[PDB]
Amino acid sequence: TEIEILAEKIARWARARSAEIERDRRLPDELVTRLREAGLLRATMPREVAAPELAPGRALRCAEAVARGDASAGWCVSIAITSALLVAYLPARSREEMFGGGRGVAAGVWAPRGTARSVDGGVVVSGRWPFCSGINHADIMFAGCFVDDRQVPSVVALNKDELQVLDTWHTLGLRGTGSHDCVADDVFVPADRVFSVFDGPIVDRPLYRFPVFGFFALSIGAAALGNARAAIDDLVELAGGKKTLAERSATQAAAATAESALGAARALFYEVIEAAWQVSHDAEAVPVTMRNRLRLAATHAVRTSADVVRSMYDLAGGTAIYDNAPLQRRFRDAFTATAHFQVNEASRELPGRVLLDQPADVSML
């Protein structure tokens, strides 16, 4: 069957529904079903819950291919396969309750915005989390919080049932991601469903040795990269018959600059994923040096993708300002992705610390 091939087929479906995806701020049910049937929304869950436990380079290649069809759809894949890693941090019994037998699609917001009081058998958590991508089609939301007075934050596995989904996702781009805010109000969480990411996974296999904050950052890079490739596709198709635009010296120098910039960002992206994947098979934890390279490459990929899409948009000139032009949505989507905290310009400083052998807190690298 081959999941990469299914990803490319689903990308073409996402492209054909892209007007409706943006209009409704959500993926159509038929597209969620395709994604679910191909295993893409649970690809990185462990084999014990009937899931592919797909290697991370393959999973990220799948996210990128769907993003080339539609950036919001690919982003949904990115967040679902990142969230799905946390299924490996649940004790066997709550894992089987929420995800057993092919069940459960996860969303996740890592920021520790909740406050959790400890009680008999569990905790009581309240808080509000912005930018919950995929909450429209997920069952479970992993959310970060502080438990009692601890200074190391925790994660609680909430059911969408007990949450209030507010209609707040009115944004420049990535509209289909429906990344609304979610509110918990005195929700009880059994102990079964509270953990620290910093204690490591219950399932101790290579996919879960792969750095989990690195993977999060890389999945945004994958969606950005797939969006940018689609923008170059759009410009090349326009330039042949616009009068021509293609026959003109600045256009080809710019097309050449963009193609080599994107190719170079893409090549570094997969080179560092493959190198970290190899050492994820070794006894010791993946070193800080390797984790540093994953974050460098993720940020570079998102920022280069934005530069590339901006250049294509600019070359299209008067065509791309109109709502019916494909480059306009790529532009809007690319400059929503650059705002994410895992891959913004500020995320260059800590990985620069490491490079310069300076004292650094690398707990979330």
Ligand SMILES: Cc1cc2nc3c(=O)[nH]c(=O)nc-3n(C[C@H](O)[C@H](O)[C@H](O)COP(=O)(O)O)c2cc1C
Contents of the next structure:
Protein chains: 4
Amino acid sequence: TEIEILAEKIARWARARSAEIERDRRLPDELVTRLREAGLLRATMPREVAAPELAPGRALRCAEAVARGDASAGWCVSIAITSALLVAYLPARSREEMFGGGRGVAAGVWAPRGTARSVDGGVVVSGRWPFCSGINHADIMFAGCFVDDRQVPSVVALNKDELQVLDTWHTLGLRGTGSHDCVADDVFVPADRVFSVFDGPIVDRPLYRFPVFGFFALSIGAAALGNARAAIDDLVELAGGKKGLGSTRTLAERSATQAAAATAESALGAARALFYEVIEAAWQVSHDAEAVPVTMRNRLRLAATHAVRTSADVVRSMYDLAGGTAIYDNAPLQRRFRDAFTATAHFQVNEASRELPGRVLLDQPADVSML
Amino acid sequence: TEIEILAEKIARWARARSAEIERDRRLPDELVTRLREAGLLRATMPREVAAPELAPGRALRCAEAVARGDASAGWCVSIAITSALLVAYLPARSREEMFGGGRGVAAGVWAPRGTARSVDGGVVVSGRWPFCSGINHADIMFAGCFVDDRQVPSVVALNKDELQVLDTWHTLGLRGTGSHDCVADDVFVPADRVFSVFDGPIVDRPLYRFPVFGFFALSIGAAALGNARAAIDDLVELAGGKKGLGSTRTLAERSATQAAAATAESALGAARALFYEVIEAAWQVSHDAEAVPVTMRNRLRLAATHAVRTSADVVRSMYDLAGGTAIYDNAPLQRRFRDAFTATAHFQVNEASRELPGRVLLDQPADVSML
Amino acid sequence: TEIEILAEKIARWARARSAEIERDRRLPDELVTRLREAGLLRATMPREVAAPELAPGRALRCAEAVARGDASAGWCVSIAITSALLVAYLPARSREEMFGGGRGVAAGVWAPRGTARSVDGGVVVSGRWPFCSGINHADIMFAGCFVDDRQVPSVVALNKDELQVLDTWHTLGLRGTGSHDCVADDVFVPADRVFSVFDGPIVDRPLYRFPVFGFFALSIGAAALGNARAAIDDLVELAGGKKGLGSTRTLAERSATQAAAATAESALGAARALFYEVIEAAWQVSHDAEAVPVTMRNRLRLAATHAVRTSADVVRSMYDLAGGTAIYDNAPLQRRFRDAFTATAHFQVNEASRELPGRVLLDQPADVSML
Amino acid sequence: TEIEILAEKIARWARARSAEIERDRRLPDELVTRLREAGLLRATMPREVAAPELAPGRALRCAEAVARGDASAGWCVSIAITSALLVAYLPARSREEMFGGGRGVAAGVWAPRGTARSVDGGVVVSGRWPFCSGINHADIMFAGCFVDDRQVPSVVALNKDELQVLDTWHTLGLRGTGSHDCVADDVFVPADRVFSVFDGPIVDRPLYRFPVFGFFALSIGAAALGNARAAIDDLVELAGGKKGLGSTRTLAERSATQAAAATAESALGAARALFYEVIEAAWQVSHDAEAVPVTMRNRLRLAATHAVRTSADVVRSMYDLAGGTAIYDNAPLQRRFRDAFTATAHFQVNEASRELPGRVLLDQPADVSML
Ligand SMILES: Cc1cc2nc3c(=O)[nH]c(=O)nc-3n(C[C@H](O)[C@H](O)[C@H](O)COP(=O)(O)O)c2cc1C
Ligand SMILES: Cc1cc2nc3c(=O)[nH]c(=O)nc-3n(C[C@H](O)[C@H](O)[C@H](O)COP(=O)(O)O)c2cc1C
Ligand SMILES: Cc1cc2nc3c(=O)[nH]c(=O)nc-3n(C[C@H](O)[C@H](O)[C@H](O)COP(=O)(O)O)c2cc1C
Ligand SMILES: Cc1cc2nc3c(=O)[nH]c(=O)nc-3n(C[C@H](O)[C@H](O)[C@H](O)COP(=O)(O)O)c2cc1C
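Starting from the form solved without the named molecule shown above, please give the structure in the form deposited with the named molecule bound.
Okay, now the whole complex, with that chain kicking things off.
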């Protein structure tokens, strides 16, 4: 059966375990198992490592669907399928070592907080990376660093078991993502596990032509969109039956509630429609000879930021409409709200991420290397 | 050639004549002729009357494109292709009398301000209708009215001939729409020119299964969306070279301008994407045996209203960014701003039009006869 | 010596204990003692009971200043000084029994969830009331109920020790307010501990002429306004030295941060200025023969709701500006944000509370008995 | 007779003539006479020229009251009383020649668009200044320029006589302000009529210690605030009796109208309270030995910008609520809306004018010479 069908069954499992996911700040072993068996943690790795090489719009749709069940579970998918793309940047040898025959789930932090000095055979890298989503269930972490004098950063492929995982993920929401800090202490990395994203993939097929920084941003949008849909579902369910003490008209019988529901539904539908429209436009040209153009990359970053922010606006409105119900820890809207306003802090999709795409639109000078 | 190509060429003619359109509060005869030649003022009339019977997504796209050239010209298309749908509600006799062989352009006011007495072979109708967009170049006006005792309103097909057109269209914007008041003074209308929208079309093909009230609302969305895209285009052109003669930065080099352009471009792209998504979903089920369901109709009204409101927000932001430039009558953004904030007053797509679609979403009792 | 000065000092103690306040969901005994010794938990009780009978603007300024140190502690003041007004509604006998000689701290839940049936010399009452802020440190709770089958509700003064306090206050924010649910089970209340707010106070001096429902709503605004000032203070402190990449381009040096700081500072200051302006206008006419008029009462509720919502907007903007800093449990802004978005759920100051003051502004029929 | 009472009487005369003011793009001679006789066009000139030397809060209150009657007439007072301040910067001779014995009304454009070559006796200046509000009824225009090669601009006091007034004020709103372009062509100006605002006033009394750039900005705030109050007045009066055809309600009987009326009224009241709060605080320290500090100047610019932008938001909400009524030229709200969205373009109070006051709030390096 198609992976989208699988994803939508796993969403329902994630929803059933969402209290435990939050409590333990990690996915239960058997939810991870389901996710692994459906191919969703390696969906975007290349064919050579026994992986679906799933088209980006389908993969992002899967992440959105899981996020509707539970934002943290969906985010773990987003990060796993973004990190998975970097498997296509490794020389065949190290790629086969780490992900061959269906093995390897990847985490990844882009911030180049490592310092790598070169030695015979590779480099020695040290550093501390926060926000290592999914590290609890990943084998490998792709981590950013600077090698020697070099001013353009690099990526090293690290084994989790060479790293120290620090218990730092004490957060408003997205608690189940376990995005703890990781520490490398003079870890040796063979040369064939060091690469530069800017040199581009070794596996040169359309999935890896799709803008890689765009995909990362979109994956955060997929998780936020699915979370916001769940929030509208929560409010609609509550509003039919929620009755005042004094004024007995239900929540749903208030014209303001009706206006707000309509406003939120159309704002979310708009953001989601732009999201998949720009993904498909970029997927089509990822099949062409030339690099996907700056114009197209920009459209992906515009839509991803718009999706995360619109999603936060939608969840905030649903939370506010629920009033005193939602302030309590037992209320589902509470967690959607907390998760929505943790997702907005991400650097790829915050308010500041609108400015560079504005520069591109206004035909102003712009460093678009990471667009 | 495709009618969409014709539409974009007519958009550039409308743009070139936009000052005269506004000054005269009417489209120039030559623009009407071009519009008429391309089939755009009758695009959605049935095959029988020598008309394209154009699919709704294509028709609405043409209106959007003309509105990019000039909002008033685009609105005229919008109202002509919405009124044209009612040609499918006329018995074959009156239909061929008024629209046969390629003749007849329609205007239409839905507000049932007419008062109609039954007589032998028809009715005699009186009333005054405002907002008769396009009456300057229409032959026929479909007008709402109540017949005798009835609580459900009806529609009469009137010849502009029998009508007193009053000079009342002195407005902030959409001046070229000439949406004057029309008066009927004891006008006899034969019975085969009286019908009820609620009894459904006579021509029972998919274009006329498409929700007719939803089409009306969307047509205003189309005009607003096209006008908003022109406003962004105006700002981007202005900001390239506007330097405040007090600082060392053009307008385009200010971080705030960049953020605002990106916010507006993504908000518009999202509204447009939703607009055409729901039209295509409704278009598909318009081919099915059953009437298009309330759920589908609701999405069209949700997206129509979101498109007009978002469009206004977008134009307001571009107007504001342009500062002291835009306050002057010679500035293109001034007119986009005036037009955008005339379009928002329309009853199908104002803030109040969110409430009923909200009642539908919260599964509350709702009169959805005109959804 | 001046109670405003004491409020400031107690604010800084509340801030030093804010982690413990949150952890324990109650104020530490020693902070309660400070608050008691300053007169802040009884500041608005009549002078007959050895209380300051403090003017409403001074009392509300004290609540706001405590809230700046810690929102929950300030909220406790707000609810204490609002409930304390009802001491003026008790017959002199029961008033000296419960509050004589400086004794008694009051809590109060207005919702008439109680059912009371008249028996001999009084009533017996049962019910469950949520949101009993401060019950951990109050002796008396004023609880709303319906007596027999009257349609206008009454208030019973209950001893906390006759109630069952359920552990239900598990919430996004305002954790230290310990606003648990309280249950009465066939509690007997003597008749001179039963009254109706609508019959007016026994102590007929200006403080008790000041609109009582207005005071309650304003007390929520005072806590939200103080929390919001602390959020801005938190962001300004952080923004000076939050450096991005791996070196210097601080958060404070971004145009958007500057524009956002300015927007928030003027919005808060505007809300605060309207808050104290309407309090002082109402204070003056509370000295006149007639009841404070509906027009004045209305201005109080408009200002209170504006203060709470604007405060939430401010805190949300400061939280967002702080990005990945604020998602972590050790960040001050996280708690301001959680607290700000618990305060907004309160029924006196939520978005729905705009509608009735709107009806008064539009001179529409309105039931203003609880304005 | 107190000047605030004269102002509020003159407001009703301006109201009665507002159609003529807009048609002619100038105040009628009879209105100018009333204004001149009340002392409002010279209210802030020093005592030595037979002027009230009116405290700034009283002056700005008068400007706000006139703007409520008609925004353009209020704007004319705003500009006259801001320009009048510069009479305190002239040496005693030419103050006497230009303004002595109660003569002289001043206009003023701060933009240093003039180029002044020094000669014997003074300078020769040429330039073209847009936005010369009130030039139609002013005798003198203070205009910005650079003298020789200085980097700090200067001000010349020009007689309208020696200027070409060009007919360029064709604008969305504020039409009555006749803020035309003025051209100086090799105009000789005695050294006596050349000064730098930065050297400070010659008349060193509190009114001229009050921040002069702050006063200019606030004066635009006063006009925008008065205009916004009139827009709410317009709406409330319309909404009592506006019933649609099938609305089963008036506009006032809709929940959304009520909530919006209350939102707009509190937002305006908040902006107005902050406005006069910071004026009074700045007025107090204008009596102290030192210059008014930067933190105080900053608060005036914050409040000024918040007043103009909030006023625009208020007028847009009232316009939108009025729906199809307000689109027509005969609708009072239409002109309030056009005027409100003309005033927002002013450089002292646009969105960009939030950035410098943000830099002061975040204690960032800032050029505060024109704050
Ligand atoms: C819940 C959450 C999870 C995140 N996960 C990642 C991740 O797996 N990889 C990554 O490069 N960034 C992730 N980020 C964003 C990073 O915070 C970012 O690299 C950086 O620390 C932003 O802070 P700065 O202003 O100091 O540059 C995540 C953010 C959030 C809020
Ligand atoms: C109606 C109106 C009247 C104005 N009057 C004046 C004036 O009398 N003196 C002045 O220095 N600026 C005045 N301005 C300010 C200009 O509009 C504003 O500076 C301009 O939009 C910004 O120009 P810049 O980009 O070159 O800095 C006025 C603005 C408006 C909208
Ligand atoms: C943190 C918090 C504390 C509150 N404290 C009180 C209180 O001490 N007394 C009171 O009448 N309401 C208080 N409220 C308001 C009540 O929460 C509100 O009346 C109740 O939830 C409405 O319930 P309903 O929707 O079932 O009618 C508080 C609200 C919050 C969010
Ligand atoms: C520029 C403009 C053109 C319009 N044209 C039409 C039209 O051709 N047919 C129609 O039924 N409504 C049209 N409307 C909608 C009207 O705003 C609305 O039907 C009516 O004015 C108000 O009815 P009421 O009395 O119930 O408020 C138009 C609105 C605008 C702003």
